[PDB]
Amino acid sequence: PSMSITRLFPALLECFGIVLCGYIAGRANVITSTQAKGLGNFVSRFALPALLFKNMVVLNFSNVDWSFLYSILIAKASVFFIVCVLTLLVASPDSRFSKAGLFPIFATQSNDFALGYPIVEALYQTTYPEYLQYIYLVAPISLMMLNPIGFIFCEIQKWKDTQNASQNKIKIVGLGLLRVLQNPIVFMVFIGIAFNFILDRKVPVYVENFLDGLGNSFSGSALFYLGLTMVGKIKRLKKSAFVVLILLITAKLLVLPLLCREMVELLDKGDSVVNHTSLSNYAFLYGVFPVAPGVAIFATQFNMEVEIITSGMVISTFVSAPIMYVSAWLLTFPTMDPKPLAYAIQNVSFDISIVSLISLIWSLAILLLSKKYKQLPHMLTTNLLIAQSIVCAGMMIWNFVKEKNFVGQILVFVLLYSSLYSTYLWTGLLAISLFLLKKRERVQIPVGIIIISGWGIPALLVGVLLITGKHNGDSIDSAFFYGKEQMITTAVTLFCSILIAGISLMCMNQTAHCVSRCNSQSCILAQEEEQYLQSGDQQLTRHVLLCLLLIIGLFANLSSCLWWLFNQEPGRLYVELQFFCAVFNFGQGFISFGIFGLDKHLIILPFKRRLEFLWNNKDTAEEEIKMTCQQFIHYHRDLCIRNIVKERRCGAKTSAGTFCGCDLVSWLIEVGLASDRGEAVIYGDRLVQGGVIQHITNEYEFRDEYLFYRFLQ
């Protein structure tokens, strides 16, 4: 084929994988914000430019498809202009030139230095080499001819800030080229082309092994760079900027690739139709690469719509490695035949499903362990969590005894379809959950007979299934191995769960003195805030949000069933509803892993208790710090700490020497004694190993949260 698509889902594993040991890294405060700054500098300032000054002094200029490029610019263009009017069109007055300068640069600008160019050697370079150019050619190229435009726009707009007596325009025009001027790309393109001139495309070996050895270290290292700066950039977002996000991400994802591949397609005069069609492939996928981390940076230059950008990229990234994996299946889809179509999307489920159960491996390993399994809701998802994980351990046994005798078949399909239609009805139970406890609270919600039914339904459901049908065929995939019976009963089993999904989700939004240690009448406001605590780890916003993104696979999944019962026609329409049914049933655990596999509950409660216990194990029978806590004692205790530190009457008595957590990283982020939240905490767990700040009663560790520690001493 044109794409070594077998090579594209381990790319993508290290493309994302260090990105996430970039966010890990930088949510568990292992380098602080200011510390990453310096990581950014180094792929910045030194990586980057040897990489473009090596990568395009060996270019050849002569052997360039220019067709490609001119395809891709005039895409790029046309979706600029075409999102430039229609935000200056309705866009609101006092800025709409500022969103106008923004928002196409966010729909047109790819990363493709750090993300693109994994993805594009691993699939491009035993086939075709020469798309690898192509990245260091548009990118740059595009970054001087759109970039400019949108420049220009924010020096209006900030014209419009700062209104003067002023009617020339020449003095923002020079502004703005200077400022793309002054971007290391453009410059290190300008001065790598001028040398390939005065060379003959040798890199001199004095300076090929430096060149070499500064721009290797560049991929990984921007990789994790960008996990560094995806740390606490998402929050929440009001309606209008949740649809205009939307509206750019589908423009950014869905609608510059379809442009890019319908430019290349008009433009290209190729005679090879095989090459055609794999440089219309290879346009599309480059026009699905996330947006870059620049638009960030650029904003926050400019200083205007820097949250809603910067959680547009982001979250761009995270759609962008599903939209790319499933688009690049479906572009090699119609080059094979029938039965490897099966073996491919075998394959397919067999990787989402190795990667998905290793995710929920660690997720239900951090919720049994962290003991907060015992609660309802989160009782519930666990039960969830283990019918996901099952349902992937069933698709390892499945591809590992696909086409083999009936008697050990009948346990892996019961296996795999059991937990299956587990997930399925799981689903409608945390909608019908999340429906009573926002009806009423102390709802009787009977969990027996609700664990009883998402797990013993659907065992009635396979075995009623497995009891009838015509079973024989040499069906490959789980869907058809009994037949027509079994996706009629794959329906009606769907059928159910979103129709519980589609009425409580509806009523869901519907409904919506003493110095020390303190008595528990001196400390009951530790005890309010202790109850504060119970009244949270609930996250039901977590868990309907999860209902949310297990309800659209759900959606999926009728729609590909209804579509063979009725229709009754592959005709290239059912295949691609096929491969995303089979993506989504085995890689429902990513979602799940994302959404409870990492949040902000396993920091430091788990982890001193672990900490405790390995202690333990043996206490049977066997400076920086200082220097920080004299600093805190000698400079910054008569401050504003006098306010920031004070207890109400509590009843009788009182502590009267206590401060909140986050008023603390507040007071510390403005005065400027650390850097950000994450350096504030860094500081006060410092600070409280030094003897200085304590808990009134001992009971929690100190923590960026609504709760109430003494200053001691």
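Positions refer to the first chain, counted from 1. Between two forms, the rigid core is defined as the largest C-alpha subset superposing within 1.5 Å. Compared with the form deposited in another entry:
Of the residues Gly116, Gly150, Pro293, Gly454, just one CA atom moves 2 angstroms or more between these two forms under rigid-core superposition; it belongs to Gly454.
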Given for the second form:
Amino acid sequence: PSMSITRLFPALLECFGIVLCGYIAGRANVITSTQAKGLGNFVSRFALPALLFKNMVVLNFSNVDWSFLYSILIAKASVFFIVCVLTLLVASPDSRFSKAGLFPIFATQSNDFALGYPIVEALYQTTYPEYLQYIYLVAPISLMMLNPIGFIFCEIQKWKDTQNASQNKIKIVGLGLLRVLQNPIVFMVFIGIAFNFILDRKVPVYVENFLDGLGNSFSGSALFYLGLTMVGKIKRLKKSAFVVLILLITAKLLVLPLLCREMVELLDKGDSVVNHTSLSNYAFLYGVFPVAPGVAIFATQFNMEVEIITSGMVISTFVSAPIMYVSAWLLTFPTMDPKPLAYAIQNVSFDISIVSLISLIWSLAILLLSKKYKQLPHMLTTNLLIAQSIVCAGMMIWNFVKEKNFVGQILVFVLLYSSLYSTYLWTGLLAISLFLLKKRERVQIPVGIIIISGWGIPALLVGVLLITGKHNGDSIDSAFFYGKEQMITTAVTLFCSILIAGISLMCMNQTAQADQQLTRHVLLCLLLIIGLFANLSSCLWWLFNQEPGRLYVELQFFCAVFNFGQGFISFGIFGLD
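Same protein, different state: after the form deposited in one PDB entry, show the form deposited in another entry.
There are no partners or other molecules in what follows, just the one chain.
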């Protein structure tokens, strides 16, 4: 491909595995606060400056694509102006300046060095090595463009809160600009651009090896210190702050990458559509990088609004992993032929299945060791988690077995799609069971029957498939393995589970119009009903329409996201306690 996207899942799991290890080590008291502050000083005083010094001396400025820099800088300036004006017009009259200073920095400035760079290295080190340069151009230039406007607003808050409230605007501007110049990023970028010419882009060998030893450690060490600083740092936001934060994380991770893509499309006019499309897709990938930890440091230095900013940096860090994996593959699909595209969706399914199965094994282990799996509504959720685990496991086994014996393919198909149908039906059965719990006049729910229904009716539907369908031993995507009958059966399973679920939740509400965790159960059901409607749409599109008009590709991708990553929904609702 134009982009070595198979290395994205290992890259994401390396980066976020390091952040998760840092978070675990931080909780587990493996590391003292003196060690944590030593690590912060290593990361910020030596390693980041060394990485910047290295890359800035190396960089051949006369054959950078300045077009991409202008694009991302105009896009970040656009999201800056937008978020800044929106904040100053929306927020409360006194404290609006801290918000209007820090929020657009939050919405534009990203973690480009710690995890953007290993990700762009993974995606583009072979296919476009010049794209690794642009992190070191974009992130600093955007810092010294946009962070002084935001800092100047924050300093206006500091000056207005400071009861003297009348001093020089020049001093406000100067102190804001000074924090930008004192930042090791822009500091070292100026210094390294000077050394660029003083050495004519050649680091002396001894300096080169010293800078390599330090700079290469920045990626891993920065992500580990990020893990340490995440300890407890998502302190429970007020719901109004959560609303503000949803908008800001949407800004950084959806509006900015969309805007970057549009800007590159407007401003690049290079020679070929392939290089243009690759640069456009790189612009989107750039937008998706999470908020820079430096933004939390700025909020702490101003002593202002640490709660929203730290919580949002941490949440944005984690939310960028799904959106990056999703967005990168989604942007790749329009270039692929139908057969490579089937391999692409099975690759997506396999990756999401690994991380979903880990989340499900954790969630299962919680429900089992909690022994809450005995309770009447949670016994059924446990069976759903087992069905989701067998989905993800059957997908993992299937990704290998689709090459191996026809005997093995049929067995693994039976396991995989019977359990997939079982998760489908368990959505509806969990809804009808929480309706039975709400219809509290009733006897104890027939657990044996509801279990035999959720497991056995899908076994009957797949036995039906083996007997009534015909086998596509070529076909890569398991969802077409038994041809038309496969999708007919899938559609009927989805249609039944959606009818059951929707009628159950409607009737639950109509009963209300007169720990069981009925709210969390209905949340699990509702999010799964979104997924079931998506899968029903895929089935009914492929059935009633002969042609997969291109939305069918994006929808089959989201079907795979849901089918194999629904373990994330069940983990988010139960695995986090």
